[PDB]
Amino acid sequence: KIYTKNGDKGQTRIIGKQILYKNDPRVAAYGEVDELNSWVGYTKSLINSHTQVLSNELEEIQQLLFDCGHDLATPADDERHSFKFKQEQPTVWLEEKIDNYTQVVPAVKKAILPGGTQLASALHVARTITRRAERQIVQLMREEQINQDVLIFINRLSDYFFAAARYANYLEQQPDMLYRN
Amino acid sequence: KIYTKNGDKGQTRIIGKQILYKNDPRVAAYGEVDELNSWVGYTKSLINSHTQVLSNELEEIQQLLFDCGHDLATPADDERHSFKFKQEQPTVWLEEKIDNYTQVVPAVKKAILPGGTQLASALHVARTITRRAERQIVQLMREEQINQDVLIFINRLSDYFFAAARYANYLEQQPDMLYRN
Amino acid sequence: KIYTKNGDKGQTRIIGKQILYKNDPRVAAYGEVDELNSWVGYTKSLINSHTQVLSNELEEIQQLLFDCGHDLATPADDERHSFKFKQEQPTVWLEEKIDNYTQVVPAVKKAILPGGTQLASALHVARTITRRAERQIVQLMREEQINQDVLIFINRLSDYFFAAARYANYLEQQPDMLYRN
Ligand code: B12
Ligand code: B12
Ligand code: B12
Ligand SMILES: Nc1ncnc2c1ncn2[C@@H]1O[C@H](COP(=O)(O)OP(=O)(O)OP(=O)(O)O)[C@@H](O)[C@H]1O
Ligand SMILES: Nc1ncnc2c1ncn2[C@@H]1O[C@H](COP(=O)(O)OP(=O)(O)OP(=O)(O)O)[C@@H](O)[C@H]1O
Ligand SMILES: Nc1ncnc2c1ncn2[C@@H]1O[C@H](COP(=O)(O)OP(=O)(O)OP(=O)(O)O)[C@@H](O)[C@H]1O
Ligand SMILES: [Cl-]
Ligand SMILES: [Cl-]
Ligand SMILES: [Cl-]
Ligand SMILES: [Cl-]
Ligand SMILES: [Cl-]
Ligand SMILES: [Cl-]
Ligand SMILES: [K+]
Ligand SMILES: [K+]
Ligand SMILES: [K+]
Ligand SMILES: [K+]
Ligand SMILES: [K+]
Ligand SMILES: [K+]
Ligand SMILES: [Mg+2]
Ligand SMILES: [Mg+2]
Ligand SMILES: [Mg+2]
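Chains as they are written, first to last, in PDB author numbering: chain A, 2 to 182; chain A', 2 to 182; chain A'', 2 to 182. A prime marks a further copy of an entry chain.
Excised from the complex, chain A in its bound form:
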């Protein structure tokens, strides 16, 4: 059964099987990445005919987030369990999308309100959940050795979600709204 009940008193296992409390900074870090991954799934479910071009990359992000979570759940000192996530290829992939979407949409010099279409608005929610997960990752980094490649990718990912949100509005001919002061 998926329910083992071993977590009923508030403790759980990480990779390698060491037991931690569920509020441990490590468990909060990969838990927030799981929350982000679920929100990306929700965002993907809002795609329509006008925004289908974004579907493949959202699913790829979900696969990458699983790799990131895996590494966050992995203690550095247990040599039986290696980190799997390498930032270079996925991060350059995000950057290419950021550059492309920044070029195509109307240039702004002011902050935008996070909103517009349902999909663009969901991409802004994704942007802010990514940044929340990043804060938890940094809390963990300050106490334990982490795969720093995960932090590089998670940082870049919220810039991706910002650029993708603007692109989603552009795909539905929805202008962005500027902050008034």
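Because the hints were derived from the structure by calculation, they are not lab data.
There's no promise every hint is true.
Stated by the list, open to error - Chain A' residues, not near chain A, derived (Cβ > 10 Å throughout):
| no. | residue |
| --- | --- |
| 1 | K2 |
| 2 | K18 |
| 3 | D25 |
| 4 | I48 |
| 5 | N49 |
| 6 | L59 |
| 7 | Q64 |
| 8 | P76 |
| 9 | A77 |
| 10 | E80 |
| 11 | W94 |
| 12 | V105 |
| 13 | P176 |
Said to hold, decoys possible - Below 25 Å or equal to it, Euclidean Cα-Cα: the simulated BS3-like pairs (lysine-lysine) are:
| no. | chain 1 | residue 1 | chain 2 | residue 2 |
| --- | --- | --- | --- | --- |
| 14 | A | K98 | A'' | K10 |
| 15 | A'' | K85 | A | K111 |
| 16 | A'' | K18 | A'' | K6 |
| 17 | A' | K87 | A' | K18 |
| 18 | A'' | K87 | A' | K10 |
| 19 | A' | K18 | A' | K85 |
| 20 | A' | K110 | A | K18 |
For every residue, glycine included, the Cβ atom is placed at its ideal position computed from N, Cα and C.
Chain A is already provided as a structure; the job is to place chains A' and A'' with the ligands on it using the hints.
Relative to chain A, chains A' and A'' with the ligands alone:
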């Protein structure tokens, strides 16, 4: 008026009327349960003709979450205020649903990406918000005596949301996607 | 480029340019306000013909939340950067809406389940995210001097979202459901 302004300097009351700061671990715990309850309401609003079978149980979860929040807001040592939540019946109810939904959907041996239909994706968001609330409950448990029955139910509840998310995809003939490595 | 990479090791700048870790209580506070602002954008995107009357005020809240975030990112002691947010006018505006929406909808004497229409349910999610951001603001207040006007408005704002959620249900002829005990 619902606005009393007594909370304007960042303090508030729990059951029994003792005053705590709004960032107190207790207030964060039942606040996260309120956030979960609101997300379950949102998830319920996404039900359609194909997924109506899930409506009653989502509303029942909302009623149960109110009982859970009540107990988390109740200090153990104030004998004027008793715990109301007893885990056995609601938890066995969740387990029966987990068993039923696990049986009906295609068996997997790999992790799934959290996503699919809008409803299944919302049920995965519910799964991860439940787990976030659980972490806050454990933070509170480590400082204060709690109704441990709430923790048992909240633990089981995120396994319910996982099984229900797979079932929602099944109800709309949407396959789950496997993690690639 | 929007990606500078200066945040790749988990530190970032606030207003005035001092560097903090991304898990610093200040950065968590205005980060949670950004998350709220994105959720308000998402909520606004769910408006339909029956609920158009709520569109202007949601966008106004988004502009106000930017002012609030600005002040939370501003250290009190750096006199080069003044607080911009003054609570009186926006807070009285919220209160007038609370009074109006409380009058129009069916009176209750019991707690309601947070749910109903998709929009009303999203307004309850907004209510609980506002309250989460409030907890982070109070964490910051307990360590650093803040613009206390932001806390007054953020407190009142979750009462606004509660009253607006009930009003959204009323606009679509959806009754609220009461807590059963
Ligand atoms: C880390 C981990 C995860 C991570 C995975 C990635 C990450 N790090 O962020 C996260 C937090 C996402 C996760 C989620 C869940 N998991 Co998990 N997970 C673990 C854990 C602790 C380690 C697995 C491991 O060592 N892998 C290391 C490598 C070398 O092996 P691997 O084959 O590549 O491992 C993969 C699988 O374990 C897979 N996976 C992870 N969880 C689950 C759950 C199920 C049902 C399946 C089929 C596969 C699977 O992901 C791993 C790759 O990253 C184990 C504990 C244990 N006793 O095994 C549980 C454990 C496997 N997971 C469990 C469960 C129940 C869940 C959830 C259903 C919980 C929930 N209600 O949300 C979810 C959703 C699963 C999904 N999406 O399909 C149970 C499964 C019990 C069972 N007999 O079915 C276990 C055994 C824990 C327990 N309670 O004892 N989990
Ligand atoms: C605990 C509590 C809650 C909990 C309830 C369950 C939980 N523990 O998680 C939570 C956090 C969910 C909650 C939410 C809210 N509450 Co409240 N709640 C309290 C509190 C602290 C204790 C109530 C109590 O002692 N009950 C113990 C038992 C023995 O009595 P009871 O009749 O069963 O109590 C029930 C009611 O209080 C009901 N309830 C809880 N909140 C509210 C709000 C309203 C308007 C109504 C009609 C009923 C109601 O839930 C209780 C059962 O669990 C009081 C403080 C106080 N001064 O009374 C406020 C208080 C009742 N709540 C208040 C408010 C405004 C709210 C919110 C509208 C805040 C918001 N903006 O989100 C929401 C939403 C309410 C809803 N869904 O209808 C105000 C009501 C003021 C008024 N005159 O209308 C109070 C008085 C606090 C205050 N500011 O002084 N709250
Ligand atoms: C505070 C701040 C914010 C706050 C704004 C309000 C708040 N306090 O909550 C928040 C957290 C919301 C924010 C968000 C983002 N920001 Co910002 N922000 C800052 C910061 C630290 C201070 C700005 C300042 O001093 N203003 C003070 C007053 C006197 O000047 P001002 O003209 O009124 O400032 C306004 C603009 O800066 C505007 N703004 C804020 N961020 C951004 C980003 C862009 C692209 C634009 C055009 C405008 C803009 O908001 C301010 C008014 O409150 C700077 C750091 C820096 N080096 O400048 C970055 C910085 C401007 N932001 C940056 C970025 C990338 C972002 C995000 C895209 C990050 C993301 N992926 O989510 C988002 C979204 C922006 C949006 N909605 O359009 C980058 C811009 C780099 C570039 N060359 O494009 C900067 C330079 C930080 C960095 N990485 O070096 N940020
Ligand atoms: N509340 C939580 N937040 C984040 N991560 C969690 C949480 N609970 C468990 N985990 C992590 O996710 C994995 C799968 O969760 P699962 O709920 O199966 O664990 P458990 O709660 O320890 O056991 P069980 O639910 O069977 O009693 C755990 O092995 C642990 O690594
Ligand atoms: N930010 C918050 N997060 C979680 N729980 C809260 C928060 N603020 C208040 N509470 C809890 O929810 C109850 C209802 O909230 P409410 O906003 O009415 O309280 P308040 O902020 O203390 O008062 P007011 O908003 O009238 O100034 C409170 O009595 C307290 O138990
Ligand atoms: N994870 C986060 N959570 C909340 N606020 C953040 C976070 N990261 C950065 N900030 C704040 O938001 C502003 C804009 O974020 P941005 O991502 O551009 O910053 P950075 O991560 O420091 O730099 P970069 O992403 O270019 O490496 C920052 O200047 C800082 O004030
Ligand atoms: Cl071994
Ligand atoms: Cl600006
Ligand atoms: Cl008494
Ligand atoms: Cl797997
Ligand atoms: Cl200067
Ligand atoms: Cl009640
Ligand atoms: K489990
Ligand atoms: K290792
Ligand atoms: K109130
Ligand atoms: K008691
Ligand atoms: K950036
Ligand atoms: K200042
Ligand atoms: Mg960054
Ligand atoms: Mg569990
Ligand atoms: Mg309040």
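Going through the hints against the structure:
With a least beta-carbon separation of about 29 Å from chain A, A'/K2 lies farther than 10 Å from that chain, consistent with its non-interface assignment. Every CB of chain A lies more than 10 Å from the CB of A'/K18, the least distance being 27 Å, so the non-interface label holds. Interface exclusion of A'/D25 from chain A stands, the closest Cβ pair being 15 Å apart, more than 10 Å. Once the 10 Å rule is applied to beta carbons, A'/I48 is consistent with being away from chain A; the minimum gap is 14 Å.
Every C-beta of chain A lies more than 10 Å from that of A'/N49, the closest at about 13 Å, which supports listing it as non-interface. Its beta-carbon lying about 16 Å from the closest one in chain A, A'/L59 satisfies the requirement of being farther than 10 Å from that chain. No beta-carbon of chain A is positioned within 10 Å of the beta-carbon of A'/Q64; the least distance is around 21 Å. Against the 10 Å criterion, A'/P76 stays outside the reach of chain A, whose nearest CB is about 19 Å from its own CB.
The Cβ of A'/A77 lies farther than 10 Å from every Cβ of chain A, with a closest approach of about 16 Å, so its non-interface assignment holds. Taking the minimum C-beta to C-beta distance to chain A, about 24 Å, the non-interface status of A'/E80 holds against the 10 Å cut. The beta carbon of A'/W94 sits about 13 Å from the closest Cβ of chain A, which is more than 10 Å, so the claim that it is off the interface holds. Every Cβ of chain A is farther than 10 Å from the Cβ of A'/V105; the closest lies at roughly 14 Å, confirming the non-interface assignment.
Residue-level check passed: A'/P176 sits 13 Å from the nearest beta carbon of chain A, beyond 10 Å. A hinted pair counts as satisfied when its Cα atoms are at most 25 Å apart, and A/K98 with A''/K10 qualifies at roughly 22 Å. Straight-line distance between C-alpha atoms of A''/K85 and A/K111 comes to about 17 Å, which keeps the hinted pair within the 25 Å bound. Restraint check for A''/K18 and A''/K6: satisfied, since their Cα atoms lie roughly 16 Å apart, inside the 25 Å limit.
A hinted pair counts as satisfied when its Cα atoms are at most 25 Å apart, and A'/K87 with A'/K18 qualifies at roughly 24 Å. Distance hint between A''/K87 and A'/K10 is fulfilled; the C-alpha atoms sit about 15 Å from each other, no more than 25 Å. Distance restraint check for A'/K18 and A'/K85: the Cα-Cα separation of roughly 18 Å lies within the 25 Å cut-off, and the hinted pair is therefore satisfied. Note on A'/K110 and A/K18: the hinted pairing holds, with a Cα-Cα distance of about 19 Å set against a maximum of 25 Å.
Going down the numbered hints, you'll see the structure goes against none, and every one checks out.
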